[PDB]
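Removed from the display is one protein chain of the complex; every other protein chain stays in position.
Chain nomenclature is as follows: A, B, C, D, E and F, assigned in order of appearance, with residue numbering initiated at 1 for each chain independently.
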Amino acid sequence: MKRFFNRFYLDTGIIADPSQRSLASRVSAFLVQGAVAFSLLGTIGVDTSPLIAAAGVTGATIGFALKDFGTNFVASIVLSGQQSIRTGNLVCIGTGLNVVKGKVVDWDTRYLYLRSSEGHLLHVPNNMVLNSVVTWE
Amino acid sequence: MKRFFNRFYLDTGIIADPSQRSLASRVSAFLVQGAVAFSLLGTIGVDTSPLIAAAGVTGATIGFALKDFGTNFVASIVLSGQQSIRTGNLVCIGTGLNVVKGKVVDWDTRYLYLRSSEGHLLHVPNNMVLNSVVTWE
Amino acid sequence: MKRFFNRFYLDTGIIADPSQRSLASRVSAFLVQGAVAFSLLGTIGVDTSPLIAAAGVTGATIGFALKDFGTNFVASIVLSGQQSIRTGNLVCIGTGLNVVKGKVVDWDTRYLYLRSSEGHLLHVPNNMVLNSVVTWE
Amino acid sequence: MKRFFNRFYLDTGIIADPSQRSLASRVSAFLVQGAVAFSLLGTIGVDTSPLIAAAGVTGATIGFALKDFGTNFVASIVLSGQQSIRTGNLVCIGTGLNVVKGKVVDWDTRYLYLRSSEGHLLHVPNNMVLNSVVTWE
Amino acid sequence: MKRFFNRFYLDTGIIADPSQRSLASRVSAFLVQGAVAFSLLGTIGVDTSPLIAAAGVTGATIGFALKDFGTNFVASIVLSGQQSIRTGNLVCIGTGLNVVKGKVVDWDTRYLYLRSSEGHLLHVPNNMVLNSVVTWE
Amino acid sequence: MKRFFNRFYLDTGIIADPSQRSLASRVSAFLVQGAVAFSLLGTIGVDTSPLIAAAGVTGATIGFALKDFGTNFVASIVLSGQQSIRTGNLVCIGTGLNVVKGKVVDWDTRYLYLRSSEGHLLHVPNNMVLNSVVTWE
Partner (left out) sequence: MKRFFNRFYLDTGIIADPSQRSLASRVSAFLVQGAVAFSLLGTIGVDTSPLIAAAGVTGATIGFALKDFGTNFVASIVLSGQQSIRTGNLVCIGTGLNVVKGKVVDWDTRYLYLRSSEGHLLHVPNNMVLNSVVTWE
């Protein structure tokens, strides 16, 4: 099932990095196998309420822990295929005192790199880029 | 069922982009078929509690991840048919220091494009347009 | 049941717009018929846990998506029958830098229209009008 | 049961307005009768899981929609019997730039009316009065 | 059971006001009797799912409504036995522009009374006193 | 079981104050005995759904009420064994206008005491110390 999940993530374009793709495929395969094993164990008569409760609590805790990284990855996926944010475009993010000015040099799944006027490298999180006034000159 | 969902989204006007419409139709059809298969499997006697718990946890996590994009799409759908926000209207969004001034040029489902006085293209998220003082001159 | 729901929304005064009233009546009738059909299907023995879980997840996601519009509609309903906010009253909303000044010209279920001193049309969301210091001169 | 609920709300002092009291009594009576009917229907064998799920989802959505009005009403109920906020007392609410100055003239369940020095009528929400530094001169 | 709850709240020191103590005792006794009656009704065979769902929804709504008052009461209970906040101590609460300066005169379960330099009576909520920099001179 | 819980809290180092330790031990012992009694009552056939629902609602309400105190205690436990925050260290907490300057004199589970330059005693909550830029000179 690992190969099937790898192919699915490759085709759907959710994850492009090979290492992240492999990790996600392994995690998904393990989760599916665990769910199937729990269902099979519950079919024959063995109680599964404590196991389900513990698994759900742990999964909810882990998901709440990874909220920022998940939001950043979702923003990176959504912002893909945007004409304004392209290498060589002098973009400007933010309104008021919290302003960011520079030129796009590279895109990542956790940060957006902008080259300042003095040469400093700015790491703007994609979540902040999503919920802000993006000005393209 | 894919064709039926495509027709429903076309008629109801929730989604107008053909690619987004096709993707939503495929996702909805897959979800409905999965729910029907799970119900059928639970009918004969096979336990479905772990499968339901895992599916619900994953769905909740994904839905919480896509909160910003969902809110933006809802704002884009709601703001449709508004007289103030039309091409050629010199609108002004925001009060205080966080002010945005320009002329509407194009509307998207993720951004609202305003042409500044100097020519810079402003990308105002529709969610911010919803919860702000919109001034039309 | 559509006619009964239409009459109920008309008499209770929750929704006054005919199009919104018809849409709400259709949605409510469909939801009630779906719930009755699901209950009938569960009565005879067919499992309904996956169907209920999927329906609840989808309903919760949609309800969370429409939070801003729902809040605005609730504020519009509540603010009805207020003496301060009436056509021709020079109201003033907000304290500090985020101040709004003008004369009320028209009321909507999504915006409150104020005519500025220079003639600009202000669209103040009803939710912001609810949770702010409203000054009537 | 409507008369019993009306008497209970009258004696307990939660609601004093006759129209609000009648509306709350009718809503409570309808809810209790619906719950009893659902319990009776579930007693004989008819499945009630879809009905309970739909009713709970709708009730949660409506309760979340009315959060601001509920909070304002609770603040109005709690602030009752306070010596500082009485007609003729030159109170002052807020610290910093968001300050409100005036004399109390009337009290409502949704707003607190203060007469400014120039004669403008201020409508301070009771929720803001609860969570603020109230200065009485 | 009312007397037992009254004695328990008196000994545990959670509530000291006789009227609040009596009200809490009555509410707790009613809740316990209702829970026992519901359990007894469910023991013999009568369905209790709709009753439990309605009671839980109503209780959750009421608890969410009273969040501010509950937080204030908890802060008042916790801040008890603090050396800094005592009658005659020139305390100072807040940092930056939102500063409060005065002398403690009396303590309540909803407000903290400070006498300003000019004689104005300040009502600082206990929740704000909990989460702020308290400066004692 | 009270002695066992007291020993466990003593060894694990979560609670060091003897009075808090005794109170926590008593509460934990009572909760465990109540849970065991409820499980035993449910084993023989007596319905426990209303009792479980009421207990869960009350526990959730109480836990949400004590959120600030719980967070402060957790911050106090976590910050233990930190070299920067020690008696005699001229620490500085906060950035911008909300700055706090002084010397550490004593540590508590609810406040952090700093001696100002003029002699005023500052009570900085541990939660604010956790989520702030701590500057040690």
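In the analysis below, a contact is a pair of C-beta atoms (placed from the backbone, for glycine too) under 8 Å apart; a residue touches a chain by one contact, two chains touch by 3 or more.
Here the missing chain is touched by one residue of F:75, F:122 or F:124, and it is F:75.
One chain is missing from the display, and on subunit F it is touched by residues 31, 35, 38-39, 42-43, 48-49, 51-52, 55-56, 59-60, 63, 67, 70-71, 74-75, 78, 84, 92, 95-97, 127, 130-137.
Although one chain is not shown, part of subunit A still touches it, namely residues 45-51, 53-54, 57, 61, 64-66, 68-69, 94, 97-100, 110-111, 116, 119-125, 127-128.
Throughout what follows, only the chains that are shown with their structure count from here on.
One finds 33 Å separating the Cα centroids of subunit A and subunit F.
Chain centres here are Cα averages; for subunit B and subunit C they lie 19 Å apart. Multi-chain contact residues, meaning those touching two or more other chains, occur in subunit B at positions 48-49, 51, 97, 127.
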